[PDB]
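The chain contents come next:
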Amino acid sequence: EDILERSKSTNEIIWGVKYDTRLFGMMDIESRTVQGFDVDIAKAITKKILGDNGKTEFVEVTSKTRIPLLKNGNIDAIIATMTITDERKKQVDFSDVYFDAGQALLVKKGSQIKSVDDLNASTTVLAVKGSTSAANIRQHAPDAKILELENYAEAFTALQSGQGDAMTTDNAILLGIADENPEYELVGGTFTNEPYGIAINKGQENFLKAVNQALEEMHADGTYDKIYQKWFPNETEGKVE
Amino acid sequence: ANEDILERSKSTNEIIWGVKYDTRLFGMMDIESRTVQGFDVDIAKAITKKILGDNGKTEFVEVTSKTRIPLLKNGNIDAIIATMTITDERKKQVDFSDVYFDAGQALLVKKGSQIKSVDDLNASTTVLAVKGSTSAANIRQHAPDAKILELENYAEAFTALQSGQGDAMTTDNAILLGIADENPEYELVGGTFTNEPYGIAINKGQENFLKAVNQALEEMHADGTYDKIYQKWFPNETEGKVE
Ligand SMILES: N[C@@H](CCC(=O)O)C(=O)O
Ligand SMILES: N[C@@H](CCC(=O)O)C(=O)O
Ligand SMILES: [Cl-]
Ligand SMILES: [Cl-]
Ligand SMILES: [Mg+2]
Ligand SMILES: [Mg+2]
Ligand SMILES: [Mg+2]
Numbered sequence: 001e002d003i004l005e006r007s008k009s010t011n012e013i014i015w016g017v018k019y020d021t022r023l024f025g026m027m028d029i030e031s032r033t034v035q036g037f038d039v040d041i042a043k044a045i046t047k048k049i050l051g052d053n054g055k056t057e058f059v060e061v062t063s064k065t066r067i068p069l070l071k072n073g074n075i076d077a078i079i080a081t082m083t084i085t086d087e088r089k090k091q092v093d094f095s096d097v098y099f100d101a102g103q104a105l106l107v108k109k110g111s112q113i114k115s116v117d118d119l120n121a122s123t124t125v126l127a128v129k130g131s132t133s134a135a136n137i138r139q140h141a142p143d144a145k146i147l148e149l150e151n152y153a154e155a156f157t158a159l160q161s162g163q164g165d166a167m168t169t170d171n172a173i174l175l176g177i178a179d180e181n182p183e184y185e186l187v188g189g190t191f192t193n194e195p196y197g198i199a200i201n202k203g204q205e206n207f208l209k210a211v212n213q214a215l216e217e218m219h220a221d222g223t224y225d226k227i228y229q230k231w232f233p234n235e236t237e238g239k240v241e
Numbered sequence: 242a243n244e245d246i247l248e249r250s251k252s253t254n255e256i257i258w259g260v261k262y263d264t265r266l267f268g269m270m271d272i273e274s275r276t277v278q279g280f281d282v283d284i285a286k287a288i289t290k291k292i293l294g295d296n297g298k299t300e301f302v303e304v305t306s307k308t309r310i311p312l313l314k315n316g317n318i319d320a321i322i323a324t325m326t327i328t329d330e331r332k333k334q335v336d337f338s339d340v341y342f343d344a345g346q347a348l349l350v351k352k353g354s355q356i357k358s359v360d361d362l363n364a365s366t367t368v369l370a371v372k373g374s375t376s377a378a379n380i381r382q383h384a385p386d387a388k389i390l391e392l393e394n395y396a397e398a399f400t401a402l403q404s405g406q407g408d409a410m411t412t413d414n415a416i417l418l419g420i421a422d423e424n425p426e427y428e429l430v431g432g433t434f435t436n437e438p439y440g441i442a443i444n445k446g447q448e449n450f451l452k453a454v455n456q457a458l459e460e461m462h463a464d465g466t467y468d469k470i471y472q473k474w475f476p477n478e479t480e481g482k483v484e
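Sequence lines, in order, name chains V and L.
Mapping of the first sequence onto the numbering used here: position 132 corresponds to residue 132, and the numbering continues sequentially without gaps.
Mapping of the second sequence onto the numbering used here: position 95 corresponds to residue 336, and the numbering continues sequentially without gaps.
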């Protein structure tokens with residue numbers, strides 16, 4: 001079914017977002033609503049496509065569940081800190097890039113670790129089980145011990161308790177943890193490129209074109225820049241110019 | 242300059258590209274064959290064949306980071322494809338194509354250096370960059386205490402590194418790789434500390450040519466021409482590829 005047609009009929013686009021990723025998609029206990037950069041970009045795209053009265057629905061996805069839910073039609077699009085990769089394009093299409101992340105390290109302030117180069121056989125790195133981040137750290141720091149945890153929260157609790165010397169995932173995700181926990185900081189720049197895209201099921205070319213046209217309009221009229229400034233007021237590197 | 246580049250091509254069957262002549266892997270003059278070679282050169286040739294068809298001709302003109310925008314805006318070249326990062330400040334001067342390479346600024350040091358990342362640059366360290374370059378400006382932001390010695394070109398910056406006139410050299414990671422492959426005593430350290438998405442720059446008021454360049458890139462991504470060219474130049478480096 002053509003999602004562009006259906007979404008006009010139901011006046012709604014269904015977005016798969018994270019619920020546990022501060023700055024991108026986080027379930028907010030105060031308002032009982034999900035918030036972040038991915039959420040606000042979804043809302044803005046939906047208004048470009050459907051008009052100012054268009055509705056958004058958000059459905060919680062993880063890195064593990066997002067493509068299966070997309071392929072089964074539970075959601076119309078994934079916007080969930082999702083890197084565009086050739087491997088994933090065997091399964092989905094992607095929009096234009098809307099954020100430029102990169103894999104990085106989070107440590108306790110005062111750590112002797114200042115770069116991925118410092119992750120030798122003496123170090124233990126925390127990563128999420130099944131993630132691209134875990135796979136990447138094994139190639140970039142082949143002698144480090146990797147401890148895999150269920151999710152970001154569990155990885156950060158293990159870092160705080162000293163079960164590992166560093167935690168790894170995308171820089172902008174780690175930022176959402178560092179700004180909340182000032183005893184921790186990012187170190188060493190990035191050692192991958194993680195360009196985020198919006199994933200759409202194969203065979204939805206009309207909807208993909210509409211999403212890309214929405215993004216184009218948002219870049220042209222400053223909506224994109226406003227949303228970026230809101231969530232990343234002191235870090236410009238991730239912005240798509 | 243104001244003459245429309247696609248209209249002119251109806252007569253000349255040519256696109257004139259501004260490329261580096263000194264940047265191994267991107268645009269480098271080969272002395273034996275007297276021809277420039279690199280990823281940027283190959284992308285330019287492939288785009289020209291998409292726009293003009295099978296017998297479309299390419300012409301290459303040397304630019305530097307200093308001369309590329311002046312030459313473009315004066316009409317000496319039709320487009321810049323020369324390791325050029327897209328920035329909003331540059332978008333005041335030129336239009337840009339879609340991103341065709343994903344670089345990032347990095348550091349090159351002698352193996353064994355105490356410097357392991359941008360975090361180790363400070364008032365006691367001298368970093369080598371090219372005069373007037375954005376790389377020098379990015380260092381002043383990410384290493385605000387570092388001393389900067391700006392040199393006229395990459396070759397000069399690298400010999401200054403080799404003779405200890407600076408402690409680290411900085412420019413885009415993919416460019417430093419072109420240097421580290423030539424010089425095994427030196428290595429990249431610390432990953433990247435900026436994003437440097439490369440675009441093709443086109444003068445303002447050339448919107449039909451800009452659309453043609455973007456359509457050419459679209460076609461090359463759709464049919465694997467882009468991927469083949471990427472694999473030729475960066476067979477063991479995956480991160481710069483635009484998917
Ligand atoms: N952006 C990376 C890591 C974060 C995530 O999985 O959401 C990826 O898509 O693999
Ligand atoms: N890509 C960076 C550094 C290389 C160059 O100047 O060509 C820039 O456009 O400034
Ligand atoms: Cl050497
Ligand atoms: Cl590809
Ligand atoms: Mg990057
Ligand atoms: Mg990639
Ligand atoms: Mg591709």
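Treat the hints as calculated values from the structure; they're not laboratory data.
Treat each hint with caution, since some may be false.
What the hints assert, rightly or not - Listed next, the in silico EDC-like pairs over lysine to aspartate or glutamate satisfying Cα-Cα at most 20 Å (straight line): (1) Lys286/L to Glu330/L; (2) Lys445/L to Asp143/V; (3) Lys89/V to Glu248/L; (4) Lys482/L to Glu448/L; (5) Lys90/V to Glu391/L; (6) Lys239/V to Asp468/L; (7) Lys89/V to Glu300/L; (8) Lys291/L to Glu459/L.
Said to hold, decoys possible - To list a few chain L residues with every Cβ distance to chain V over 10 Å, as calculated: (9) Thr276; (10) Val340; (11) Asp361; (12) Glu391; (13) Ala421; (14) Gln456.
The beta carbon of each residue, even a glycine, is placed where N, CA and C say it ideally should be.
Hints, verified against the model:
The suggested pairing of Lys286/L with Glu330/L is violated, with an alpha-carbon distance near 28 Å, which exceeds 20 Å. At most 20 Å may separate the alpha-carbon atoms for a hinted pair to count; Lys445/L and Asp143/V exceed this at roughly 51 Å. Taking the CA atoms of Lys89/V and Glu248/L, the gap is near 37 Å; set against the 20 Å cutoff, the hint is violated. The straight-line distance between the Cα atoms of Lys482/L and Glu448/L is roughly 26 Å, outside the 20 Å bound, and the hint therefore fails.
Restraint check for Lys90/V and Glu391/L: the C-alpha separation of about 46 Å exceeds 20 Å, so the hint is violated. Between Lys239/V and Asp468/L the CA atoms are separated by roughly 25 Å; this puts the pair beyond 20 Å, and the hint is violated. Taking the CA atoms of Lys89/V and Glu300/L, the gap is about 35 Å. The hint is violated against a cut of 20 Å. Using a Cα cut-off of 20 Å, the hinted pair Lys291/L and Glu459/L holds, with the two alpha carbons roughly 10 Å apart.
At roughly 31 Å, the least C-beta separation between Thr276/L and chain V is larger than 10 Å, which holds for a residue marked as non-interface. A cut-off of 10 Å between C-beta atoms contradicts the statement that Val340/L is not in contact with chain V; the least separation is 7 Å. With a least beta-carbon separation of about 7 Å from chain V, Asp361/L fails to lie farther than 10 Å from that chain, contradicting its non-interface assignment. Chain V leaves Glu391/L outside its interface by the beta-carbon criterion, the shortest separation being 22 Å against a cut-off of 10 Å.
No Cβ of chain V comes within 10 Å of the Cβ of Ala421/L; the nearest lies about 14 Å off, and the non-interface call holds. At the 10 Å boundary, the C-beta of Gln456/L stays outside the reach of chain V, the nearest C-beta of that chain being 14 Å off.
The structure shown violates the earlier hints numbered 1, 2, 3, 4, 5, 6, 7, 10, 11.
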